[PDB]
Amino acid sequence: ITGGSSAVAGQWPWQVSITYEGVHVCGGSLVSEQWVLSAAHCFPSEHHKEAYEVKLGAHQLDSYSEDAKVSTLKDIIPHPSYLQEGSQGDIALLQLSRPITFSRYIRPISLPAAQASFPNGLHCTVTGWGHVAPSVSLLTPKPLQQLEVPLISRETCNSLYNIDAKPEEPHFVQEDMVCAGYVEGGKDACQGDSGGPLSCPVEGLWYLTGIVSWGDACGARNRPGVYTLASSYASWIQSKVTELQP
């Protein structure tokens, strides 16, 4: 996260870190006692399932926390349209090896209904342990960063991505995506934030509106972060979680 600040412990208790062979590769969001939502592209076919871990309840990746729990994965389920076509569906359900017990530091985020709309301009918050500027890592002890970002409609977002774009660069924000950020850049999600939550405030609660998916260089002007919309997958998520491990 570029242009944000460090979250206090417990602030975003659904944020998880997904590591592969012990190295943080992506964020995710706890959504039930045994399921995490993250981005499909975080889970290349080459990678071995048993080498992944999910760390929950920790705000600093390098610091021991008595409130932290770390889990392996029983299953990784990318949405089929990601595997089949690869133009969208950048979302995956991760089933933890064992169900977790919630605490003050580990709580699920509510998912939006299929037709939930989150208005352009809503100030949501993206969180993660990704780069804090293009080509600049978050330093040890790796405190979770948070950043307030207004929602930007996919239509505005496409127009912005088209400014000074190369005609042949895939910069299309699909129907299952939304953007968030600033036209002027400087504040955005960056590499390593992939898969983590865009949390939006609604009726006194927080909902998982988006999953950090892609963008151009972090914080570039005219290139706000792009997120997979959780609403677009609500029926599928609810079906999978309920069928497999309710």
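Positions refer to the first chain, counted from 1. We call the rigid core the largest set of C-alpha positions that still match within 1.5 Å between the two forms. First, how it differs from the form deposited in another entry.
- Considering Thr140, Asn162, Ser110, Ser97, one residue stands apart with a C-alpha shift of at least 2 Å between these two forms following superposition on the core, and it is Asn162.
- Annotation: Cα of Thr125 displaced by less than 2 Å between these two forms, core superposition.
- Put the two forms on the same core and the Cα of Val173 is off by 2 Å or more between these two forms.
- In the core-superposed comparison between these two forms, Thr72 has its Cα shifted by less than 2 Å.
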Given for the second form:
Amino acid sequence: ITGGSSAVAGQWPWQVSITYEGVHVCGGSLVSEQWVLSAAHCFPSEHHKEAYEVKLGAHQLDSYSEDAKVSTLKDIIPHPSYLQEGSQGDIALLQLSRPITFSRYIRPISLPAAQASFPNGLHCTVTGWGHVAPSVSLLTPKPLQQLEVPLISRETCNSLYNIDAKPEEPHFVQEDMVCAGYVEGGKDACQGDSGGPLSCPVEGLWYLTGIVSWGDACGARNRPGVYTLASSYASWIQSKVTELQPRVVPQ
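With the form deposited in one PDB entry in hand, show me what the form deposited in another entry looks like.
Left out here are the partners and the other molecules; the chain alone remains.
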């Protein structure tokens, strides 16, 4: 996260850290006692499920915490539309090997139901332990970063990414993605943040509106970060995981 601030402990208790062979690679969002949603691009086919770990309840990634829990994974289910290096379908369900116990520091975020709409301009928050500037990592002790970003209309994101960007720019799919952020630069999610939550508030409840998916360089100008739009995958999520019940989001 670039341009944001340090969260206080307990603030975003659904945020988790995913490591691969012990190295933090992505975020994710706890959505029940045993399931986490993250980005499919963090789980390439060639990686071994047993080499991942999920750390919950930690605000400083490099500080021991008695409140932190670490779990292995028993299943990884990427969306079947997902193609490596492609934009579509960047979302994956991860099942922890065992259910975890909730606490002040570990609690699930609500999934938005298929028909949920979040108004353009709503200030949502993206969190993570990813880069703080282009190619610059967050320094130890790696305090979780948070950044308020406004949701941007699909028409505008389509303009910014599909019309006003070169052909090698990933394709923005209006039905299944949302961009959120700034054209000004210096405020965005970055490498290492994928899979983490775009948490949007409605009537005092937080919904996983999006999952960090892609964008340009960390904090690049005219390219607000792009997120997988969770509502578009709500029916898929619930059909795969009967335990996960997306919530209807008030008008």
